[PDB]
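Here the structure is laid out as structure tokens; the discussion comes afterwards.
Excluded from the complex is one protein chain; the other protein chains are retained at their positions.
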Amino acid sequence: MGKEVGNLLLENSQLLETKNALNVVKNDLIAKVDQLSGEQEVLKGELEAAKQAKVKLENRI
Amino acid sequence: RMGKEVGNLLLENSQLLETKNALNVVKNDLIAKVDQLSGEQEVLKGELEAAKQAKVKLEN
Amino acid sequence: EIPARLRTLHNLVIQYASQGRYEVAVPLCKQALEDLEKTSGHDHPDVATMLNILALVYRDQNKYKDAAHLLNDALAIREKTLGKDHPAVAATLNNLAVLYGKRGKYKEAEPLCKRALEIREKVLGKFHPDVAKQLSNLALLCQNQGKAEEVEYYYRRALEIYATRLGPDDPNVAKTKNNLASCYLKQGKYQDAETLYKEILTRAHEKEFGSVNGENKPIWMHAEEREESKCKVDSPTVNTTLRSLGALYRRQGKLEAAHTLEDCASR
Partner (left out) sequence: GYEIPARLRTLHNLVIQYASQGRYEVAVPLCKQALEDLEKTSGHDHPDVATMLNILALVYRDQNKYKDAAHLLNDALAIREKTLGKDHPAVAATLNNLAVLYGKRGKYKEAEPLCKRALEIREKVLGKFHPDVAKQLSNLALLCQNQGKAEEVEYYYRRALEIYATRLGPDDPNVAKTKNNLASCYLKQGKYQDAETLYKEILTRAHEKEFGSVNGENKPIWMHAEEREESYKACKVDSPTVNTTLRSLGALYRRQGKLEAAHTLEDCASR
């Protein structure tokens, strides 16, 4: 029983370290997805601003 | 109460394991969405810099 | 309705819980809850938000006792932090009431629904269309309890909002008049339900072929004329009406009237 408890405590600690590492990465990955989705919305605006400027130039030349 | 302690450790080990595997699943999915987005942002950065040069080409 | 930082994780939870990847959704929710109490503390609008999400995932799993408990805890946080008579508090009461009704705890769901309608009226106004949607839902909780009078009152209040606030052509109006007529039929208020059905058919007919004149008579008026012996509206609500009024004519003995109305409905 004592040997089994020791092993379970070792495994529980190892699992906990990994769970907390995975939680840290998951949080960081969400923030990178949020920064990217926001940055893509910026670029989508810049592209549709120049797409209208394409027609504005042609009306002159 | 060695038996009571073992039972609790087995419960905690399972709870931890369920969470670790759920976190691993999400992390993997989040990486794939970052890869899809970084690739898509490259297409857009390329498209914007192609039209930025085309702005000058029309004016000439 | 969801705070800015929680938005991504919230969607991720909904997505996993929709894919039926419960083994992923539940632990994501559970870890996020611990991360929220670390910073904010249990009594927080974000912990309340996060708990509501989880109890809805437990509803999908059919962990009904868990879902109920989780929502009670969430409403408790919402009463402190956001205060009583808050829309978030109303939303939770509706959630607990929907969970209770599903289990068949109709009487238990009845006060929750009543408190939420009271919150809705205060914030939106007595004659708001959402107050009408709430009155309709509360009327349905009494129908399941067989509280015939209560059903009539609530559907009568709902119709008042629908008919005046929205147009007559609105489908919500026809839906209510069909539900209220049904409630009348259960009470034995046959003539009341009959008039309701006629109203529906008459507006339908008028929208299609202008104002009712001598030549242009409605569908019912044509059949009542047919009983003294000598349409194709793709609206499902208008079919229910045609069938139901036919059923009434069938009970009234006006069989030719029940027939032509059944036929038009068949068409």
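In order of appearance the chains are A, B and C, and numbering begins at 1 in each one.
Criterion: a residue touches a chain if its C-beta (ideal position, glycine included) is under 8 Å from a C-beta of that chain, and two chains touch if they have at least 3 such contacts.
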item: Sole contact to the chain not displayed, among B:13, B:15 or B:24; value: B:24
item: Sole contact to the chain not displayed, among A:21, A:49 or A:57; value: A:21
item: Absent chain, residues of chain A that touch it; value: 17-18, 20-22, 24-25, 28
item: Chain B residues that touch the omitted chain in the full complex; value: 20, 24, 28, 31, 34-35
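What we mean here is this: only the chains that are shown with their structure count from here on.
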item: CA centroid of chain A to CA centroid of chain B, Å; value: 5
item: Computed distance of Cα centres, chain C from chain B, in Å; value: 39
item: Residue list for chain B, restricted to those that touch at least two other chains; value: 19, 23, 26
item: Two or more partner chains touched - positions in chain C; value: 12, 31
